[PDB]
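Given as structure tokens, the chain that follows is alone and in the form deposited in one PDB entry.
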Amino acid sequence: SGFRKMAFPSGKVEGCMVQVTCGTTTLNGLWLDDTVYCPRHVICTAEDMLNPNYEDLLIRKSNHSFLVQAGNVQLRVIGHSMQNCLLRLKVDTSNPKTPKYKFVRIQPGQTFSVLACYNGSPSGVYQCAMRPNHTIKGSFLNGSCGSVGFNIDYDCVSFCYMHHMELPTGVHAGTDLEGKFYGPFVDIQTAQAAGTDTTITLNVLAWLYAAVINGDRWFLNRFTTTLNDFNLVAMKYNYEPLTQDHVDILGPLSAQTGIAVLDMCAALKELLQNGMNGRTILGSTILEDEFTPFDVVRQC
């Protein structure tokens, strides 16, 4: 028993982390086979950051322009290319620690683990969610660029995120491993704003199921709702509408507790309309939305 936000074991990812230096900027890289991936803004001077022309900037760089270290060994860059907002650095050696892997694009509401790194060295691992506004509420300092987000299925590492930047609100933006940004964000040091965020309803419902499992039950009611009527209410409180797939996904938690999904929706509906008062669910007066149906199922 016990509910906690877990990260996948970071070991397979640790063996892929390298240091990447270009001019005065040092950040992290991901070393898979004979390729090293890193954010393309590694090449920018402070001045370039403000209005970069990346194709212009890259052609004004060579292989020798990039210092790559795996531990104390210096790797030789033998080819470079840009793939969207990532830089691909072909090196002289295949990483012998290269795990089985995939490049996936994570969906809003889904979770992953971040191995926060500085100077090519793993500092720590934490869990977080892709927000619907396409940001993450991560923990990052200057130098963390190149840090990756991932999940592990069996022995296969699914890399889904590479860190690029922090927004004025303190939230974080980056790309997948093909260098396509999550959300409308751009690798330019100009005013960018996260869109208005919404609550991950699927996860709130998972959390309410978890609350029932641990015997926190005051919020249940016997009102009826439809998916349509619930979604109409959800959207006026900035909660994500619930899909057909989402009802499917809560199926196991519905069977285990005997509480129909739409009935939990009826409970949540009432919570939105009336508030918590000062009442708590799992110790909290706010609804948690970064704990998935898969987290809850797994941990029961």
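Rigid core (definition): largest C-alpha set, two forms, superposition within 1.5 Å. Positions refer to the first chain, counted from 1. What changes on going to the form deposited in another entry:
For the motion between the two forms, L220 lies in the other rigid part from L177. Two rigid parts move between the two forms, and the turn of the smaller against the larger, rounded to whole degrees, is 12°.
Condition change, the form deposited in one PDB entry to the form deposited in another entry:
Since only the chain itself is given, any partners or molecules it might have are not part of what comes next.
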């Protein structure tokens, strides 16, 4: 019993973290097979960031231009390519400690683990949801660039994020593993702002189901609301609309608790309307939208 915001075990990823130095900049890289991936802005400086042209910047550099150290061992760069906002550096050695993996583009509301690493060394692991506005609420400090997010399916590792920068709000932006940014953000040190976010309804409901699964049922009621009637409320409170597809997704959870999706949608409407009056759900003051249905199941 119990429900906690967990993370995937990070060992498999740890094995693939390395340090990349270029000029006066050091950040992390990911080393899979003979490739090491890192943010393209590593080649930037105290000034280029201000307004760079990556292509120019790139060819004034070479394989000697980057120092890649794994553990205490230097590594030989022989190739450099650029893929979107990422850098690909080839190396002489195919990592022995390379696990089954694939690259995926995470979709909003899905969640992943982040292994925060400084200087090629892993510092911590935490769980993160991709916000609707394409940012994540992470804990990152300078030098954390190149840290990645991932999910694990059994043995396989799907990589879904690499860290690039921090927005003015203190939230983070990065790319998938083909260097394509999440959101419209670009790698320039210039004003950029997070769009106004919204709450992930499907996740809040799954969370409610978990709570029921976990014995706090205080927020239930015998009422029911329509799919359109609820959405009207959701709109009012900056919640995302519920759709039939999302209702379908919740079905197993509904079944397990014997709690219709719309009823739960009723309970929510009420909670939205009346608050919690100082009550706790799963030891939580406010509705929590960072667990997917899938997460809830894998934990119950």
